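Let's start with one chain on its own, the form solved without its partner chain, as structure tokens.
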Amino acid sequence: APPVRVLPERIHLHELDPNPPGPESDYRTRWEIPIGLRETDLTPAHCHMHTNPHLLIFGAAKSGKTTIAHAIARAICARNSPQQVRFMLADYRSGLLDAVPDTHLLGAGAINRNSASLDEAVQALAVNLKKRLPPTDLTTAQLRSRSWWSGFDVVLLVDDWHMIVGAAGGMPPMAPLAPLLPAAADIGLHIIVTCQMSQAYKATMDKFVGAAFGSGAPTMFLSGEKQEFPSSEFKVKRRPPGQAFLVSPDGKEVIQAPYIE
């Protein structure tokens, strides 16, 4: 009678990521980010952010959204120096002060806790990021190689998308950045967005989260009520905190996302 071992209800980031490679490594190694422990083998699943730049995290109340975003930002910072990565945060509920060490923050206005701050920061970011757009001049050998510009990748770490949408009036938030999203891989842009499950369905059809979702961004479906998001592809159901059905074009599987105090 074989011994039972199930997906543990709490896995620390150091258990998921005991041997992180460092800034010394190449781009591919620096952006192979562990995001959780698979139920099938207690082995890390990864965000291949060197190829698909984004990650979406959907979840009901107290399902672990903020902590997971914290933990994944840490795994990214373990792999990348402040010359290789910079973080801009949307943190309306003010829970991500320590998600990133102040060495890796994108300037003095990196942490935005309200609409006025975020609008200004997103304006400045889009102006800077558009400078990295690929010319039609160059050769496709330079396209995947991203050789026409050098600098840090930008991670847009966005907690509680539903609040940003609600506090934006009727205007779309991230309007300056949404047009650049098709070129995210070419300009080194990564968005990591959490959203309450009750609004995540509406979010999958907007121009920011929906652009990443419709283009195959890996998506954690944490605990939620099936009727908030009933599409049978994803198995939206009540889950322990941190447990998620991870969906990408690369497959669908149950993971335990990392915890961090």
Given for the second form:
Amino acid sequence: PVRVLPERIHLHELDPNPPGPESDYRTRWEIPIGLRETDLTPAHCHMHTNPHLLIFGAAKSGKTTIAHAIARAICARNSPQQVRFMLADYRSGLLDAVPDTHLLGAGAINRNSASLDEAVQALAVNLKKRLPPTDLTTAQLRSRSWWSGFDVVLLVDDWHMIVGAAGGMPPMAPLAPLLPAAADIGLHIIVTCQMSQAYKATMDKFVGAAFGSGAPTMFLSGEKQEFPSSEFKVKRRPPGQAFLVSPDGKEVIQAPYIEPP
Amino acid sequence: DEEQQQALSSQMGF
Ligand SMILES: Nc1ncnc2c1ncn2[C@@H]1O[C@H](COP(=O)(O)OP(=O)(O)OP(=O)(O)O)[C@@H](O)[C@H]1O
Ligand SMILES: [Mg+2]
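Other form of same protein, the form solved in complex with its partner chain, not the form solved without its partner chain:
Complete assembly follows, chain above in first position.
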């Protein structure tokens, strides 16, 4: 029981020299999300290939702060012509997470069911036009040459609350048909959820679509019965400490901290 | 109310 991870590592210490918008697409979407316990190196989301990130945690385990930090890491690497953000943030805890330059030109800040439903519907209209022509080869698919512009990051905090306040259409329904092609259309969802509701979320048509197709999942503090798993290690942890699960492996990390606005 | 339905999606900068 020697303690290898810091209790707090600032984003700037985790990511002191981020590459900038002049780098290629793959470099710009290798996003650091925490410090590895095994060798004290940064763990990365490979978002040029695996587009999403899921963040599950008990109350005050760091969900919103970590979402804020990872958003800033993405903006350090990408110009407004390379990424735009749409926020679902009913508690308004992420309003300054993204510089204004990097917000989507309209529908960017959604703090209730009515606004989010309108914004997501409009986003789906635009993203649907990026679906690839059926005859594209794998090489053409990977080149993403048939559309041009920014990737979109759909930054979603407190998904359990969004689902809980959902009046009418289940939230994100216009995007559900587009999720299988998310990598091809430049869509990234980064979603936090309270752990007491994350297990059921992994079966739904938004968080559960991403989870079921192998999105990296960060398990912050939680109780064992909230996410039954013999493979994952869900237990109480200090804020920011997480069991990260991805198709590449399973490992304990310390997720980046950033000061609140 | 045709221009109206696309008044949001047409202004997102795509
Ligand atoms: N990456 C981190 N590393 C260490 N400590 C952190 C980290 N992120 C947050 N904290 C600490 O945890 C506290 C709560 O963090 P935060 O509000 O982001 O968690 P939360 O899970 O979003 O809380 P809530 O349950 O209110 O939504 C912060 O005041 C901060 O001190
Ligand atoms: Mg929070």
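Residue numbers count along the first chain shown, from 1. Here the rigid core means the biggest group of C-alpha atoms that line up within 1.5 Å when the two forms are laid on top of each other.
Core-based superposition between the two forms leaves all of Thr103, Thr140, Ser94, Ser150 but one with CA shifts under 2 Å; the exception is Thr140. Relative to the superposed core, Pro182 undergoes a C-alpha shift smaller than 2 Å between the two forms. In the core-superposed comparison between the two forms, the C-alpha atom of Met171 has shifted by at least 2 angstroms. Here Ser232 exhibits a Cα shift of 1.5 Å between the two forms, evaluated on the superposed rigid core.
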